[PDB]
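Chemist: Fit chain B to the known structure of chain A by using the hints.
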Amino acid sequence: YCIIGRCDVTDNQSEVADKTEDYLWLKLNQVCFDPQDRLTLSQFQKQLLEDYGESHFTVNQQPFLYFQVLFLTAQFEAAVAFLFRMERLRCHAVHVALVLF
Amino acid sequence: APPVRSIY
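From first to last, the protein sequence lines stand for chains A and B.
Take any residue in the first sequence, count from 1 to its spot, add 25: that is its number in the numbering used here.
Take any residue in the second sequence, count from 1 to its spot, add 156: that is its number in the numbering used here.
Isolated chain A, as found in the complex:
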């Protein structure tokens, strides 16, 4: 219902969206464009990394999980710098920067 109506943005529907990708997909189907019970890409993209930074998404020591969160929200610079710090994934982060360049 609230995937069709883009409502109840605060309720993460955790009963059915238990994975991270299920959350991203749940919200990107809820973002809106031009006051209550409404979320926009700017709020969502900022809300995610500002409040729930790397710390929240890298506790499982899985780096790509956070990268996908930033890249699939149009925050390409964040995801590039972030992934560029993983000494094992420097190569990959430089190139995804070149492509964007």
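One thing to keep in mind: the hints can contain errors.
What the hints assert, rightly or not - Calculated pairs, SDA-like style, for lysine to any residue (alpha carbon to alpha carbon, straight line, at most 20 angstroms): (1) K71(A) / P158(B); (2) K44(A) / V56(A); (3) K71(A) / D59(A); (4) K44(A) / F109(A); (5) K44(A) / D59(A); (6) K44(A) / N54(A); (7) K44(A) / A122(A); (8) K71(A) / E46(A); (9) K71(A) / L97(A); (10) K44(A) / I28(A); (11) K44(A) / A106(A); (12) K71(A) / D47(A); (13) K44(A) / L74(A); (14) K71(A) / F96(A); (15) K44(A) / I163(B); (16) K44(A) / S162(B); (17) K44(A) / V160(B); (18) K71(A) / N37(A); (19) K44(A) / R161(B); (20) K44(A) / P159(B); (21) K71(A) / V160(B); (22) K44(A) / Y164(B); (23) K44(A) / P88(A); (24) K71(A) / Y164(B); (25) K71(A) / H81(A); (26) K44(A) / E102(A); (27) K44(A) / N85(A); (28) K71(A) / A157(B); (29) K71(A) / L49(A); (30) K71(A) / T83(A); (31) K71(A) / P159(B); (32) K44(A) / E79(A); (33) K44(A) / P158(B).
Simulated from the structure, these hints should not be mistaken for laboratory data.
Modeler: Chain B only, in chain A's frame:
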């Protein structure tokens, strides 16, 4: 309260 469990 988003989960941190990656789709595996």
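Chemist: Compare the structure with each hint and give your call.
Modeler: For each hint, the structure was consulted:
Taking the CA atoms of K71(A) and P158(B), the gap is near 14 angstroms; set against the 20 angstroms cutoff, the hint holds. Only pairs whose Cα atoms come within 20 angstroms are accepted, and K44(A) paired with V56(A) is accepted, the gap being roughly 19 angstroms. With a C-alpha separation of about 17 angstroms, the suggested pair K71(A) and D59(A) falls inside the 20 angstroms cut-off, and the hint holds. As the CA atoms of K44(A) and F109(A) are separated by approximately 25 angstroms, the hinted pair breaks the 20 angstroms bound.
Note on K44(A) and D59(A): the hinted pairing is violated, with a Cα-Cα distance of about 29 angstroms set against a maximum of 20 angstroms. Under the criterion of a C-alpha separation no larger than 20 angstroms, the hint pairing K44(A) with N54(A) is consistent with the structure, at around 16 angstroms. About 27 angstroms separates the Cα atoms of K44(A) and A122(A), which puts this hinted pair outside 20 angstroms; it is violated. Proximity of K71(A) to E46(A) is assessed by CA-CA distance (about 17 angstroms); at most 20 angstroms being required, the pair is judged to hold.
The hinted pair formed by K71(A) and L97(A) meets the criterion: a straight-line CA distance of about 13 angstroms does not exceed 20 angstroms. With a C-alpha separation of about 16 angstroms, the suggested pair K44(A) and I28(A) falls inside the 20 angstroms cut-off, and the hint holds. Straight-line distance between C-alpha atoms of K44(A) and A106(A) comes to about 25 angstroms, which puts the hinted pair past the 20 angstroms bound. Between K71(A) and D47(A) the CA atoms are separated by roughly 19 angstroms; this keeps the pair inside 20 angstroms, and the hint holds.
A threshold of 20 angstroms between alpha carbons decides the hint, and for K44(A) with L74(A) the separation of about 17 angstroms falls inside it, so the pair holds. This hinted pair checks out: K71(A) and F96(A) have alpha carbons roughly 13 angstroms apart, not beyond 20 angstroms. Using a Cα cut-off of 20 angstroms, the hinted pair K44(A) and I163(B) holds, with the two alpha carbons roughly 6 angstroms apart. With a C-alpha separation of about 6 angstroms, the suggested pair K44(A) and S162(B) falls inside the 20 angstroms cut-off, and the hint holds.
In summary, the hint linking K44(A) to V160(B) is supported, as the alpha carbons are separated by about 7 angstroms, within the 20 angstroms threshold. At roughly 17 angstroms between alpha-carbon atoms, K71(A) and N37(A) fall within 20 angstroms of each other, so this suggested pair holds. For the proposed pair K44(A) and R161(B), the alpha carbon gap of about 5 angstroms is at most 20 angstroms, so the pair holds. As the CA atoms of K44(A) and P159(B) are separated by approximately 6 angstroms, the hinted pair is consistent with the 20 angstroms bound.
Simply put, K71(A) and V160(B) have alpha-carbon atoms about 17 angstroms apart, close enough for the 20 angstroms limit, and the pair holds. Under the criterion of a C-alpha separation no larger than 20 angstroms, the hint pairing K44(A) with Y164(B) is consistent with the structure, at around 9 angstroms. Distance check on the hinted pair: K44(A) and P88(A) sit about 15 angstroms apart at the alpha-carbon level, within 20 angstroms; holds. For the hint linking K71(A) to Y164(B), the alpha-carbon distance of about 26 angstroms lies beyond 20 angstroms, and the restraint is violated.
For the proposed pair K71(A) and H81(A), the alpha carbon gap of about 14 angstroms is at most 20 angstroms, so the pair holds. At roughly 24 angstroms between alpha-carbon atoms, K44(A) and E102(A) are farther apart than 20 angstroms, so this suggested pair is violated. Pair hint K44(A) plus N85(A) holds up; C-alpha atoms about 13 angstroms apart against a cutoff of 20 angstroms. For the suggested pair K71(A) and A157(B), the alpha carbons sit about 15 angstroms apart, so the restraint of at most 20 angstroms is met.
Taking the CA atoms of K71(A) and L49(A), the gap is near 13 angstroms; set against the 20 angstroms cutoff, the hint holds. A C-alpha spacing of about 17 angstroms is found between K71(A) and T83(A), which places the hinted pair at or below 20 angstroms, so the restraint holds. Restraint check for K71(A) and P159(B): satisfied, since their Cα atoms lie roughly 17 angstroms apart, inside the 20 angstroms limit. Taken as a hint, the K44(A) and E79(A) pair is honoured in the structure, with Cα atoms around 17 angstroms apart against an allowance of 20 angstroms.
Taking the CA atoms of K44(A) and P158(B), the gap is about 8 angstroms. The hint holds against a cut of 20 angstroms.
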